[PDB]
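What you see is the complex with one protein chain gone and the rest in place.
Chain naming follows the written order as A, B and C, and within any one chain the residues start at number 1.
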Amino acid sequence: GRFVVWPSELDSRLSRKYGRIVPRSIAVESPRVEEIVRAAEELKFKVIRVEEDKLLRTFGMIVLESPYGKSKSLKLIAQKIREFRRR
Amino acid sequence: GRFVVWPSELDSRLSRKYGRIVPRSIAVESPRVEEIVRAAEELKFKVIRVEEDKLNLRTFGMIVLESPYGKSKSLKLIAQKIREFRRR
Amino acid sequence: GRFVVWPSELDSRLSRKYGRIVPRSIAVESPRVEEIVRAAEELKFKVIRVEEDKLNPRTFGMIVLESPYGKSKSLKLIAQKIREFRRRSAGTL
Partner (left out) sequence: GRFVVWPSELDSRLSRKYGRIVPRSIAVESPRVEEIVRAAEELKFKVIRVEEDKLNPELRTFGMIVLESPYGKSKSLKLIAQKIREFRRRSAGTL
């Protein structure tokens, strides 16, 4: 359905307590808003909103619409970002 | 622990497909960012980030919170506090 | 005209080099986005967009407004309105 993706949810540098949701092996180090959006589009998810504030440290959020629930979508996104990085 | 809260997650005007997470009876109608921040503060959750963009005003936003509880339980507690504020 | 207001433009805590536009005596300490919005509404300026980001540590943002005056005059009027708001609040109760 529709949900928010917060980059920390996919960040392998973080504990679950600090925001990571995906298993650390699936997660990637310091995922960027730009990478998440790129993956979402490759995965044919609809991008509803992308907000980014850079102060440079980046703070951001993405709202997505997907054929699947958030958990599954986050994994597909993390895997896609890993692909991007392996090339 | 730490997690994001997107207002649509506790919006009773939305189906689960369109973003709602909490049970529709606990959900509240059109929760505002300010309402969520106020509830979090009353619940002694730590507010880490609050972003809001308002256009023409239609609002878009997110809150990052630190809670002793997981997101599901925290969203429910927040919804209840918002209901309480509104009732006054 | 339509123009952006950046809160630092009227912040007396800041030097001109760091972004303050209005004279220091008219500027106010740490103007909040919400106060600028309230001032604009009392001044009958139309608010087109309000963006704010608050980070735990604090506040960043911008307001797009329409005003019958140029930006420089409008900033001064907003600063003076906020000064009035804060004073009215202080004397209350």
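Basically, a contact is a pair of C-beta atoms (placed from the backbone, for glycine too) under 8 Å apart; a residue touches a chain by one contact, two chains touch by 3 or more.
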One chain isn't shown here. Among C:28, C:33, C:62 or C:79, which residue touches it? C:62
Contact residues on chain C toward the hidden chain run 1-4, 6, 8-9, 16-19, 49, 51, 53, 60, 62, 64
Residue positions on chain A contacting the omitted chain are 46-56
Under the stated touch rule, tell me which residues of chain B contact the chain that is not displayed. 53, 55, 60
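Keep this in mind: only the chains that are shown with their structure count from here on.
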Between chain A and chain C, what is the gap in Å from one C-alpha centre to the other? 35
With centres defined as the mean C-alpha position, give me the chain B-chain C separation in Å. 28
Separation of mean Cα positions, chain B and chain A [Å, integer]: 21
Find every residue in chain C that makes contact with two or more other chains and list them. 53, 55
